[PDB]
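> Here are the chains, one letter per residue:
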Amino acid sequence: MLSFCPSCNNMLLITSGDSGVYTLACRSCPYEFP
Amino acid sequence: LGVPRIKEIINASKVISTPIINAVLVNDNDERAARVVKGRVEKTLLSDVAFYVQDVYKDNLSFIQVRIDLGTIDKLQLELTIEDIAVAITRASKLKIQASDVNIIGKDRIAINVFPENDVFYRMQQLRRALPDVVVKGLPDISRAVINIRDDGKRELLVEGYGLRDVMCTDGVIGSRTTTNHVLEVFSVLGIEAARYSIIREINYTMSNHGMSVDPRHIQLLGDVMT
Amino acid sequence: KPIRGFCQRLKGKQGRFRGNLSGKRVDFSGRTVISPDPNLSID
Amino acid sequence: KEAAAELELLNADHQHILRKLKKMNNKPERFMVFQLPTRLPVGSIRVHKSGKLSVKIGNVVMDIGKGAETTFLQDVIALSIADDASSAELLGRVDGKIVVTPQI
Amino acid sequence: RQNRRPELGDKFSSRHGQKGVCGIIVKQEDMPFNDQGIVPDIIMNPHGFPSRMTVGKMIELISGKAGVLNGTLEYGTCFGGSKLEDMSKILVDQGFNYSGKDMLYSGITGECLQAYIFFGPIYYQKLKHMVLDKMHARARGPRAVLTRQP
Amino acid sequence: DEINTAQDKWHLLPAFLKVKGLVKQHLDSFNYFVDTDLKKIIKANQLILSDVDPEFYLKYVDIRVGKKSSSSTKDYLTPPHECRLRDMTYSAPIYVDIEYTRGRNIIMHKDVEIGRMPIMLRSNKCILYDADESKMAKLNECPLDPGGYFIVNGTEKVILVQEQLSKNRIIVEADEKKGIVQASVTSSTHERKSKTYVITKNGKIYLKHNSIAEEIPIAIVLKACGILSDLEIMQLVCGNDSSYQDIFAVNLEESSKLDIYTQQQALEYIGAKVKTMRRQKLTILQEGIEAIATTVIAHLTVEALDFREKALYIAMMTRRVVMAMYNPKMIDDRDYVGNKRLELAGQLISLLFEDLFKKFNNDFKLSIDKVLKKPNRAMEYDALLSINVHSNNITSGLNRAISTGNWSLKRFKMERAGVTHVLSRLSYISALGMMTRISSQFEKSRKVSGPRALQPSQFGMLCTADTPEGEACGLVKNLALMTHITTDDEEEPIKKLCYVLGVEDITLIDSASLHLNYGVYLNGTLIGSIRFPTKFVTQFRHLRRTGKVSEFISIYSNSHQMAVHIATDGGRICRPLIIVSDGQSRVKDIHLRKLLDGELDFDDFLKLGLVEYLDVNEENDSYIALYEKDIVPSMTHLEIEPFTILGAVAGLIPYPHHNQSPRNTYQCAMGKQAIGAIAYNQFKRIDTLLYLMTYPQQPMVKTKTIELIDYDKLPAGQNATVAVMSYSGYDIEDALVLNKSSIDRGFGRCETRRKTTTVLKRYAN
Amino acid sequence: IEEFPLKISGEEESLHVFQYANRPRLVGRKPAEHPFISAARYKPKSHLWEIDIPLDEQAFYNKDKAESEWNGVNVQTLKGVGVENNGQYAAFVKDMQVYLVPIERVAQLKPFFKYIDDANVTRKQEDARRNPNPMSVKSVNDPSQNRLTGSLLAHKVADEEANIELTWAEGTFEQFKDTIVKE
Amino acid sequence: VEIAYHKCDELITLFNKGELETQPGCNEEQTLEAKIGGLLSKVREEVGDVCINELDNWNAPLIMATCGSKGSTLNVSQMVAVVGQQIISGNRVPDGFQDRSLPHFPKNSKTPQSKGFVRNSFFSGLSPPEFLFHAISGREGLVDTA
Ligand SMILES: [Zn+2]
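Chains as they are written, first to last, in the deposited numbering: chain B, 1 to 34; chain L, 1121 to 1236, 1253 to 1363; chain G, 348 to 390; chain S, 274 to 314, 360 to 422; chain H, 901 to 1050; chain D, 36 to 800; chain R, 71 to 204, 214 to 262; chain F, 731 to 876.
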């Protein structure tokens, strides 16, 4: 869904965040976004 | 209607091809009521009634959001409430969800939330494609109902689907004059002597429009060797 | 290349039961061409 | 028909490539790559009557066609290596890319 | 080595695809004749040309008769060939009908025929599949060993 | 005789069949096998070696069929009609030259007899090549015989022109109850018989193969080839601003499930579930068994280091999967004539011979060291003494595979039978109409009447009116009168040629822009991604007509996708057509009158650029005009002669256009049965059953086709005097009535001859 | 009318071209910048290019996942294989002059994930440490047996060769005027 | 047959205008394909009606079709007037390659005399393009029996 992770263009992934927050962050790359 | 009509009549095979059912209405005019019952029987997919579906995030919410076009209910003359859609989500066993999590927000909006590894992203997206293909109103076994005109002012209802029991069970049709094809579902619904008279009426129909003429009696001997 | 057995000849298209028992070969027969003749009667 | 859509675009290619040839006269450490046809059987980029370019890179061998044609959303940078030593310097980035093709 | 003669049963053709069993062999004097004494070699019935739709044999007969009277062989090719309007001009100079359809007498009764007969030369190639080696007759003969049938 | 270019373009059709006859496809195939395609065999099976006594080597330097190097005369050969009266094979011996290690010194010995090759008639290795009715009268052989058929031990047989689907190319497929498949068979010439599938299970792309234990979804096998960044996948497959991103979007998240994300981790997921072939050593790295798993797959393209060009060939293979799921109208049929590869005799007898030849020198290898495992028998031992025991498996291998027409190969392990038939000497064109026919493969689609039917993409490629009926109704077909089967040349220089004309390369173009432009496809492989194709293709033909490139190419260029095609694979159909430049053709009747003078033949027409060969795929783009009175200022490729869409055995029908269409397929099945004359030597030959007619006559209404094969020089049947009418009722159901006096004068008195033979057998006692 | 003469003065320098498949050329019609290379890395006889790049800090970084998983921070390498071809000279343009130099290779830069490749190396190391459970003599090449070569042999030779840490500079006026003074 | 072309050739040209009559039966771009059939199935029969009444007695294919011995008023009409439009299993000769049937006809031209219809009689002759369209109806007449 246009989920490009810049500097790798790989993917994004809704990850289980702190206090249950719905953060999105991919593997194989140190990246995060609200 | 040729040899591949005689083949499955005498085989009495289960998966028949093109199993249209023939039903005659109650009234004679359209009056915006001859296709109000084709609305009551056609498998009304919700992608024809919805217009815009999207995922809305505040900070901590995982819910897909659905909106309907209320004017399309006015357009194709069908009749249904808004809450029976929210019934029809949890009446879908392929999307393995909890029974009662659904909440309306407004008049033309509806949203369902999900909650639990990595269940979060995957099953809000597997369900994003599996929500806009559910039946919300209509009979769950027919394919595509079509209204037509006969050589008189009376108009009937042609439905290209298997089920016949629930078609007799609906309103606006009369369950006295409703013929069909696929003989061996009449044997389930209408006993045994209706299956014997249906095999008769099928063989001598597909020999009337090929030109050859055998007899009535050579099919009446074939009907009784089966039943 | 597969070996014929007992069951591999009682069934099949004219192995038995169609080319041996139901439909046989008959003596006293003959097979030429046909040609028309008006000057003889029916039968 | 649709071949007349081609020649007018090739006219519109020359008027876009004489612009980028002329804005880069200020030698601002600017590079461009273009391909020459090898396997020879030096010259001069030159302007004809009413917007037309050609090169003649042999003694006689004329190459009429050129075209400023590709699309790249990439970063492209030229570097010179030498003998696998302390020889790493980025020369510059690349602005455009044209091609040369001989007429037949 | 043997040679033989075409008695009835021997299958002829027409080079356009009209098979035929030889049906009878009548004498010469029972065959019809034109004004000059030309007895036809072979008579075929009119009842093929509506169903078989072979207008080739109706043209091959016109382009053939006009070639005999002119002494020159003619071409029937595909998508071309010798035309019709330039071929009835030869066929009216020599004295015959413009459509090749001559008139002739009868050999049984003597008088003329109340219609006109389409008359001319057609190439009839002889086929294989003769009846000298298809007549079979088995009364009581050899029997196979595993089935004891004929 | 004021000649003009309106009705005298026919006069160059004899200029075609004079230099280049009607048995082109059989004679020019075996003649290429004997000359060149033997030397490419021994150069791939040279250097027979032993491991015991490692200073022994025997190498095959060169190979020849026919004459020696000592006498170097023509030959002395058993003549062909002398060879069919004795149940002998008509054959010529194979000669090789060798050097080998005798002992103290190596020794080079010439002209070693290893076998006897059978040679077909009217080839340039047999005695009937360019004779002049005086040498050929001495040999009592017919001048009008076609030639092209072996006389192995009596009976005379003919290898038939088989055809199959196009190897080394892909076809798209659709099915409702099964999903869709993507077959792509590839056969590189060394042991390789492999087909790959790109299947869709419930909305997901995969890739299965019959050496992988399971299937693999394609997002693995593109990160395995370097395309890893997972935006580059969708950027290659889908494009932009489309619904193709939505159908393909399921396969992206299966990288997140398997958690691979990188090109190093991408490989070992393949070879974890590869079916391991028994290597007998198994040095398996768990790093190189997957790097070769991207070498034994899709054997079109091989790699050196980058794995790159193999990747976006898989991406183009899976783009036409997604487009087929978007609408099933984009699919292709495997019955279109562009997807058929005709293959001749001499390029099929070479698949047999190198099976026999490697079976020769690995029985001859183990016969050496059975002697070389001796202490005394290692000094004076010579190897050519025991060569003749193994020579008999070449001759008896070739003669058994021609008589009983089933070829038992080893390299492909495949058992085609029915590949030879005995030719029928019923009539003259019954034995010439067999030499130009096609025997299909019957790929077991017996339910479907699609391939049983006839395609409109067949006009003048091969004949339309000759096809049998009954059990074989649409799978047996016949070449037309104007037809040439191409030959493959080379793909290295034309790939170097297309770079010069202004194409870019595959290793530089961005993947956002390869769908915006077109793409050159070389044998189905994208290499260059040309822009503005119509200046590129029209400058290509001007190299072809003027003659820089060979003429057997096709520049098919469709527009359903954004691609232009090249094809140089050989073994496909074509016919010649004269180039029309603009609203005036290139007919130039001063060239055509100079043809009749006899110095400007048909071959010099294509040397100048007045005529060229078009196949069925290059007829996609062209707009052939029927007649010179129909030229439009947008009209190319005037049709050279319109009755050439009928072969030499349908051609004898007079006025075929007036006649009905099923009454032309009823005559080709019976023209091969009409008795008549056979050859000039017909009272000399002893055949099994030979029908003759006493007094035949040439027909009255001839055809141009019957004078281009010399049919009327020995005709079949005679012209009666038909008086069409009903008579005596014995002519009702297309029976007919003839008179007794004409039969006694000799109307249709046939004659039947029948061989029978015995053999006086010599016993054990 | 007008004509611009070009001449070819370039030798002795095998200069390469890269292609960033990650960073775009222009951002909202505005031309972008190239990121600053920390150091370069080149492998002869296999032509690789492990260009290192830094990615920006905590704000868009999420070090708490980067530290605890692979313990490798602030370094994103990207592998490029040197691919060669003919044609394609490199041209810098003078006022009414244009001077060419041949390009030796063109390498394509793909994001090489280095750290999670190596995160499974200690994971593979710890496999046999929790499960410890336990002679090099010559043989003879046999002429009925084959050995690995071609594609997979080139990967056996491309992992073990000499590292070179390139002194990355940005000069190039020395390369300019040396070409200008030569005709 | 040219006044049947003149109604037909304008009826194809309403693709830029986009007229769609939408009969009951879910047409979806076949109204300009189904109307052409009965438009050509009227000129095929009405010219077959002209040739019967304007035809003298003692005509030979007339006097064995006034009986029931052999023939029809269809089979004689193809011999003197027109052989009509060939069908291929309920389809009027679909395209061969690249939205056309044969290289002698231009791209995506949906006219009759290009797909199926052949206007000239067996007595007149057949042209090299329209000869092949008769050799496909003549092919399915023998395949269908098997
Ligand atoms: Zn990332």
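If you are wondering where the hints come from, they were derived from the structure by calculation, not from laboratory data. Backbone N, C-alpha and C define an ideal beta-carbon position, used for all residues, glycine too. Treat the hints with care, since some could be wrong.
Unchecked claim - Facing chain H, from chain D, some residues (calculated, C-beta under 7 Å):
#, residue
1, 355
2, 358
3, 359
4, 361
5, 364
6, 710
7, 730
8, 734
9, 739
10, 754
11, 755
12, 756
13, 760
14, 765
15, 772
16, 792
> Should the interface hint for residue 730 (chain D) be scored as holding, given a Cβ-Cβ cut-off of 7 Å against chain H?
Interface hint status for residue 730 (chain D): violated (12 Å vs cutoff 7 Å).
> Should the hint that residue 355 (chain D) touches chain H count as held when the rule is a Cβ pair under 7 Å?
violated, 40 Å
> With a cut-off of 7 Å, does the beta carbon of residue 755 (chain D) approach a beta carbon of chain H closely enough for the hint to hold?
Result: holds, 4 Å to nearest chain H Cβ.
> How about residue 765 (chain D): closest beta carbon in chain H under 7 Å, or not?
It holds, given that the least Cβ distance between residue 765 (chain D) and chain H is near 4 Å, below 7 Å.
> Closer than 7 Å between Cβ atoms is the bar; does residue 760 (chain D) clear it against chain H? Give me holds or violated.
Residue 760 (chain D) check passes; min Cβ-Cβ to chain H is 5 Å, inside 7 Å.
> Should the interface hint for residue 754 (chain D) be scored as holding, given a Cβ-Cβ cut-off of 7 Å against chain H?
With Cβ-Cβ at 4 Å, under 7 Å, it holds.
> Holds or violated: is there a CB of chain H closer than 7 Å to the CB of residue 359 (chain D)?
violated, 41 Å
> Given residue 756 (chain D) as an interface hint, is its Cβ closer than 7 Å to any Cβ of chain H?
Given a least distance of 5 Å, the restraint on residue 756 (chain D) holds.
> Regarding the hint that residue 792 (chain D) lies at the interface with chain H, is the smallest CB-CB distance below 7 Å?
violated, 16 Å
> Close enough to count: is the Cβ of residue 710 (chain D) nearer than 7 Å to one in chain H?
Holds, because the Cβ-Cβ distance from residue 710 (chain D) to chain H comes to roughly 6 Å (cut-off 7 Å).
> The hint names residue 361 (chain D) as touching chain H; please verify it with the least Cβ-Cβ distance against 7 Å.
violated, 44 Å
> Holds or violated: the hint that residue 772 (chain D) contacts chain H, with Cβ atoms closer than 7 Å.
holds, 4 Å
Against the hints set out earlier in the document, violations occur for numbers 1, 2, 3, 4, 5, 7 and 16.
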